[PDB]
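The chain below stands alone and is given in structure tokens; this is the form deposited without this ligand.
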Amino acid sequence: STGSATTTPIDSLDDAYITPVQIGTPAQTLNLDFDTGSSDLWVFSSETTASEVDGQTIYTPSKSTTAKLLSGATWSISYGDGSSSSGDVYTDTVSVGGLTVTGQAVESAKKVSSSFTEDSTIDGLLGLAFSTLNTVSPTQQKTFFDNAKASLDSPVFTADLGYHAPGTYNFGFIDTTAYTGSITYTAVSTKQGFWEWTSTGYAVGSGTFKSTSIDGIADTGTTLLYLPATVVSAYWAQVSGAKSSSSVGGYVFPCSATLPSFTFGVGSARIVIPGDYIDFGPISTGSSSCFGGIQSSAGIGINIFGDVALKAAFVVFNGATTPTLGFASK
């Protein structure tokens, strides 16, 4: 089996991407944020505290003939940005792009934090990191990908995110028409539950490539590229007027600037992030200070290859017995 679904930016900045997902019988279609940095599939639901729902589409398990309470199971998750959600759990049929899993754990939110309430376009998350991070207690649950894996033609999924445009998540096959050149594969550590890998270095604009190992995670659920302070300082030093602002919470730059590209290494291959991808626009409406798309990871405890990086590539998440990650230009 295979699946193929279009993923669409939620706003003009590509803050996140939503992918339609069919849950239950008859289908209830919710737009979920596919997140390779977490491992819970959770949804706004008929159980979500009413004051915490503001425009989202909800899953109503009582209207699904295939829903069953996973008795006694609860979940609670916190994300890197300080947001959180929690609730109880149903099993139900879940389909993505024509690929169906029966008995998928669908985590029904009873509570969500304000950032979730405020984002009317995101109806929940679909985690695609390793199932060892799943928060369901007392019986940990598997991700959609892990459940689907045995049925897939090949034990892989791919992320092809667009820059200010739709893109694609495929399950079970590699679309050889979706990238240019060859795919370079690199080793993954699953020790922290993430798609964790080591980049071989970087370049700023037309500058020379610096060979240096940068350990980080491929995280479709993080907007920006978070790298060591040394690397980030070297990038922003090439932009006149750029500075780190403690009041704003990161590097900002004059909106009149033209940003240089940023290259990261994957083995002996190179992925180039165009300068435009690093522009997140005014910090507030009408401001001439713009927020940068490359920020320091200092204090996070891990480097994060978020959407800014991933959208510059066709990315293969290879869930074979020994997982690997592949990157191609596109």
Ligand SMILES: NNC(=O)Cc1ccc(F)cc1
The other form holds:
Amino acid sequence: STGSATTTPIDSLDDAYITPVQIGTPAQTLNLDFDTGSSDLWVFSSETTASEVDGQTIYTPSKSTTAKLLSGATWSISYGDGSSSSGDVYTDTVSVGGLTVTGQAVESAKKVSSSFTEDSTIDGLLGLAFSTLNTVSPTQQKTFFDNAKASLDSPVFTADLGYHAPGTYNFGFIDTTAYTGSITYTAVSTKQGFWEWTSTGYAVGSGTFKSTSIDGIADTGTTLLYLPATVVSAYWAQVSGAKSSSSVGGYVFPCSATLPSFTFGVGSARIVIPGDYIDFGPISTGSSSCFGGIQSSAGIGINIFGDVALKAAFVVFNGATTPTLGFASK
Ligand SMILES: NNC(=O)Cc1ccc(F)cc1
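Form deposited without this ligand already given; the form deposited with this ligand bound follows:
So here's everything in the complex, that chain up top.
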């Protein structure tokens, strides 16, 4: 089997991407944030504290003939940005782009933090990291990909995110028309539960590539590219007027600037992030200072290849017995 679904930016900055997901019988379609940096599929629901729902589409398990309460099970998660949610657990039929999993754990939110309430476009998350990070207690549950894997034509999914445009998540096959050149594959460590890999270095603009190992995670659920302070300082030093602002919370630059590209290494291959991808617009409405899309990972504890990096590539998440990541230009 295979599946293919379009993913769509939630706003004009590509802050996140939403993908329609069918849950239950008859189908209830919710728009979920596919997150390769977590492993819970959770949704706004009929059980979510009413005051914490503001415009989201909710899952109503009592209207699904295939919903089943997982007795006594609970879940609770917090994310890198400090947001969080928690609740109880159902299993139900879940389809993504024509690909169906029966008995998928669908984690129903009782509580969500303010950032989720305030984002009316995101109805939940669908985690695609390794199932070892799943937060269901007392018994951890499998991700949609893990459940689907044995049925897939190939044990893979791909992320093809757009720049200010829709893109695609495919399950079970690699669309050889969706990228240019070849896909370069690179080793993955699953020891921390993430799609963790080592980039072979970077370049700023037209500068010479610096060979240096950069461990990080491929994370579709993170907006920006977070890299060591050394790397990030070298990038912004090439932008006139750029500076790190503690009050804003990162590097800012004059909105009138022409940003250089940023290249990261995948083995002997190179992915070039155009300068425009690194502009995240005015720091506040009407400001002539703009927020940068490459920021320091110092304090996070890990480097994160978020959407700014991933949208420059066609990315293969290979869930074979020994997982790997593939990157191609497009
Ligand atoms: N969905 N991604 C996140 O919540 C960001 C993140 C991941 C791992 C980590 F160790 C720190 C932050």
